Amino acid sequence: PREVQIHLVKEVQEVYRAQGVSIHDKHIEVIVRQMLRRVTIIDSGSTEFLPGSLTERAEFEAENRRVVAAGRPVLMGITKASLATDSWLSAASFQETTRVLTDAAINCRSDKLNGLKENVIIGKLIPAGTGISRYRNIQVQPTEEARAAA
Amino acid sequence: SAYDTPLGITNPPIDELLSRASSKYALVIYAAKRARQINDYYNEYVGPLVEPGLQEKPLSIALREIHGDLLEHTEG
Amino acid sequence: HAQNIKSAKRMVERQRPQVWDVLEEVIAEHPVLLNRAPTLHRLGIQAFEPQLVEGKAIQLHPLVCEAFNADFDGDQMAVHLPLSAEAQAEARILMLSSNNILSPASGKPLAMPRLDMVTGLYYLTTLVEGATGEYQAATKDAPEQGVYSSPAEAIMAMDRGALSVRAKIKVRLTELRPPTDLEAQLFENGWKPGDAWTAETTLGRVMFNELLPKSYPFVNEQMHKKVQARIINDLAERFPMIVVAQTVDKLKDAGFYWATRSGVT
Amino acid sequence: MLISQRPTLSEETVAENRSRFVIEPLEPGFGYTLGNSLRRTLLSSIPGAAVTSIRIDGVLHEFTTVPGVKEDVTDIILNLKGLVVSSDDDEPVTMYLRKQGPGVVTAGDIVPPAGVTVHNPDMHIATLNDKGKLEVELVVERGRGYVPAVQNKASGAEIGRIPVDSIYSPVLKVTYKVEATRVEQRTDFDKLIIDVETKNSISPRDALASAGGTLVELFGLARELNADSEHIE
Amino acid sequence: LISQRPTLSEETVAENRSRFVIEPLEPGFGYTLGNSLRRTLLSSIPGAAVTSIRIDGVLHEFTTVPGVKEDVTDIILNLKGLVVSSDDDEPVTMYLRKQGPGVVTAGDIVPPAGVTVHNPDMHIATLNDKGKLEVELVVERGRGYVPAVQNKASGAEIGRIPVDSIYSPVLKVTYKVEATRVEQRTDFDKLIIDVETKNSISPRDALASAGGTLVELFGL
Amino acid sequence: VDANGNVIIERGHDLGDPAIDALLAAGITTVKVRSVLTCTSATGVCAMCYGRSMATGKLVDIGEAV
Amino acid sequence: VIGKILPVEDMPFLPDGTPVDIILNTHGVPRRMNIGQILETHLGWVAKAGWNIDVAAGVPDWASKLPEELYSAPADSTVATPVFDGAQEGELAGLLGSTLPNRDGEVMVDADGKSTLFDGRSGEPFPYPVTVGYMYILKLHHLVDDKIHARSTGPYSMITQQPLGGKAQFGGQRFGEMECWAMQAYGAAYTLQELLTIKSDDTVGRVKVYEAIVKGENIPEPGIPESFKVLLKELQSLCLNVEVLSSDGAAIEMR
Amino acid sequence: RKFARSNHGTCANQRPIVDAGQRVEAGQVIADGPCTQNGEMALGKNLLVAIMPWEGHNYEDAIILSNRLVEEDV
Ligand SMILES: [Mg+2]
Ligand SMILES: [Zn+2]
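Residue numbers (PDB author numbering), protein chains in the order written: chain A, 1128 to 1195, 1202 to 1283; chain B, 24 to 66, 74 to 106; chain C, 465 to 729; chain D, 1 to 233; chain E, 2 to 221; chain F, 929 to 994; chain G, 885 to 1139; chain H, 664 to 737.
Treat each hint with caution, since some may be false.
Simulated coverage check for chain A against chain G, where a stretch passes if three residues somewhere in it have a Cβ under 8 Å from a Cβ of chain G [to be verified]:
#1 1243–1254
#2 1257–1263
Label pairs and their calculated CB-CB ranges [what the hints assert, rightly or not]:
#3 H:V733 / E:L2: 42 to 52 Å
#4 G:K1117 / F:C974: 37 to 47 Å
#5 E:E135 / H:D682: 53 to 63 Å
Think of the hints as simulated: they come from the structure by calculation, not from any bench. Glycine included, every Cβ here is placed at the ideal spot set by N, Cα and C.
Using the sequences plus the hints, can you model the full thing?
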């Protein structure tokens, strides 16, 4: 993964460097991260795990380690990443609504609204920026020395 | 270093504000809640802490009071 | 001014002389969100303080056109009015142009002299030999001729058709913080807010450095867009955003003021 | 005759000698008209005195600094240019400065003849090193604006007599800006803000009063041709 | 210094246009003074221009009169060529009843006392034998330029057409600053200001009106 | 760390022109920077592992939608 | 676009006192790569300023291939130049070098085709001679009566519950996806969530915020967008049971 | 056709150019179209332009007008 993570960023930068525009590697690395952050399964799991299924890292590892599977690193296309996203109402928003929504419905698949894109569609407070619980819940009292002074 | 007398909506300076909160995103709500309070005062229900102007906007009062350091916030 | 809300809603419909004195009072430091479709990046939207102007045109700032990617060849921009205290605040705090000088892409300043201001400041600062009122430093026969006690004296001399704005001249400077080597040589211990020192520059470069912040060291170099970018980037890295946001405004004012007397046709 | 909105004059204080005036609100194109006029009048018109030629006892042809001084001839020149003097002669008044021994040469160290007065005795002119005595003869005269140094066979045939560029102007540095004001249903009414850095000798309101005084007197002759109809304030 | 009071000699090269010479002046002072005068002249001089016209035939600007060559629009655009002069401060009403065949000139108006039209050679409209052109014009005394005030908001009748009123008797104003005396022995500027009017007021009267105006603007 | 171990810059440094120059003057032809590619966050990314923001001119915010 | 209409007087004016009508920016020309307008401008000056060329006793070089009897021309002489068999490069250098005492006995424009302008605003002369001349300019249809549009509130659509599009129906202005992207790039959740609820959709929201603004009270927190009701009802119409659970406890309807 | 609303909203105002006592050949211009003055495609106007930057009003291919045009109605 890491050499490809270098390669993609180098390659994406070189063509900007060529055209004269300059972007900061980390902005590419944010997308290349979003490329290299899933596993393809040849055949493993043995409980609600289909052979030949794209699976998220953290959720896979937790059941894989077995405290009480078998995954290899995969490189996925951005469309194939937004297609194989954890969310459903956003996946529906991108492409092939009926196909994914049918699967979502029978699966009873719960989206957390951690993604911004879904939380745009429903007219709700965007969780990004000024919409995290540490921001949206802030009690601002006037200071004890300022109160009596008025 | 050399402020060069800022005026209007750029007053008070944003750097002197940013220092009070952890990040600007905190400063936004940290102000907006005080703006929401001084909005309530006209109807906590604390009054304008810093000297209010002829027709100064609730926002500017909050930012002036945060610049004066008359408030504290709680990261939820 | 209006006896009843309905009567106010009539008076605003009739657009009577009594509303205009109020609209300044209502628009006083009340931000608006300018957006151009297609919005290609974050700086494609920016918040501003609306000044009230006559005519039928939105008077955009010349520095935010690099960001907006908006040529004045029939392009149109949307304005939005944030209503909630939160929206109004966030408009003032996050997306105010003065705050968003540097690119999210790199962190190079995008709100910088471009097209006109570049030629203006380039003419202003470019030191050209064989000019009027040039500092010669005559050898035993005559005085040095072209030395100046203050920038004021030089401005007085340049207002007369005697000294040209682009010439090697010897000003005595006080309010401008000297170059690192020059401070390191002359003062060492103390700075130079009140301390005086002699330069070998052009009145234009002095008039330009006059725009940049009191404590910032001296340039003594022609303002090529790369050098402007480097200086404004350095200033953005070293100083507060308000300081840079004023210095770039003075750079714009001076830039355009001198873009005329540039003689570029 | 015609009537308009009576222009206000307010005196914003920047520092001791330097100030800003605000003249508002002016009809569409009353800002620049009286603005640049006021600037050029403030800079040029007002009477004041200054050094025109100096003579430091030493240099006949010796281009290098005078032996037994810390400064250079140029530094002495551009320092002396700074010296602010007021003369009521209308004649090239010659005055001598002489000082000896170690330490500083203040503005107070000069001995002014009858009529002339230096308003800052505390300002610095030179720093004299040990085992040395500097003696300089300065020609102070009255004039207008800025005059470059010209050896027009007064200091031409002379062995030395260094000619120096004069700042007669009591007002050192004037700048100005115009701002559009919503006075009524009409906009683009120009509010003249005028930054004015003077010397210690005069007050900026005095300089402005003098400039105005010269301008009203200058336009008085045109005013007094016909007296047909004016846009009265 | 040179303690000489500034002086200005009133001159003439034509009736419509005259030169003026101001001297002596402070070195580099001329251009600014000339500018101030030029600007005061071009902006703020009280002119007599048509405010509202009234044709009995047509109701509005975008129709035509029976038996005229050009229509009320181009008639209105031609009427702007009037250099009417009005000593009256109030709105004054003139009349024109040119009947039968011929070209209608600016001398064919019948003005009340203290209203004068100074270029009667100009061409307004051509009438055939069939046509009659009856117009009454309203002259008001203003300054600078005003947009054609609406007759809907104000309590004026359908018959009246507002016109683009230009209260500028001055036509062209320039200046050039002669060197006059060499650098040595106290050099002074002399400015020569070329003034060109609409033949409504004499350059002297306009210059005196400007001189009268801006002195009121200058406070001490 | 350099050849000897004369440690010039510690963990949690913004790497400004002074620091970048200092690392060159130290005499090292490589440095290990903390990026999003190696971030052990449950949801999204963690501030310190992104680096300083370009917009702010300071450490990236704990709200930023990078 | 017309950036500024200057009052007649504050306008870069000729030595004879004629103010120039328009000033087109120089930096545009070499970038845009259309110098035509400048040759068109130059020839314009030759067109307005009549030109009795004192040809010569043996003809000047530039007028070696001179066109049909085009040596003299009166004041305001309208000239034809076809789009290939037209006025040549160096011809204009000869055509500007042409005496035309405009009332006064002096030339305005120089051999190069520039003129020394006095600044109406400043009052000073420009320090170098600037390229003045006569240009044919076209009043374009892209008019503010077509383009300018505002809406605080107004008449809404019956089908969608967001303000209309167009000046005829007194519509709003379209807040697209790319604006939402930028709002989110700023991280201005409150602005976007205000734009996408009360400013567009929510029927209680718009009247409540109008009421709250005119009363001068706190803006109510936008709760229930019409879009979400529409999509919830629409998803429930396609036989998908969608129920929003809290962090802990029992689920709820929006109202 | 006196002040006819043309398809694109602009006016199609016509005027006569020729005088009464005048001979006219076949295929000659008699009337004045909406964009003719003596029979010639005249869409816009001839204006005295100056080419230079002017205090940032013309920055990025913007245009500066003299009120004279708006007043004189050119
Ligand atoms: Mg375009
Ligand atoms: Zn991390």
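Structure-based check of all given hints:
no.	hint	result
1	1243–1254	holds (count 4)
2	1257–1263	holds (count 7)
3	H:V733 / E:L2: 42 to 52 Å	holds (47 Å)
4	G:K1117 / F:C974: 37 to 47 Å	holds (40 Å)
5	E:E135 / H:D682: 53 to 63 Å	violated (23 Å)
When each numbered hint is compared with the structure, a violation occurs for hint 5 only.
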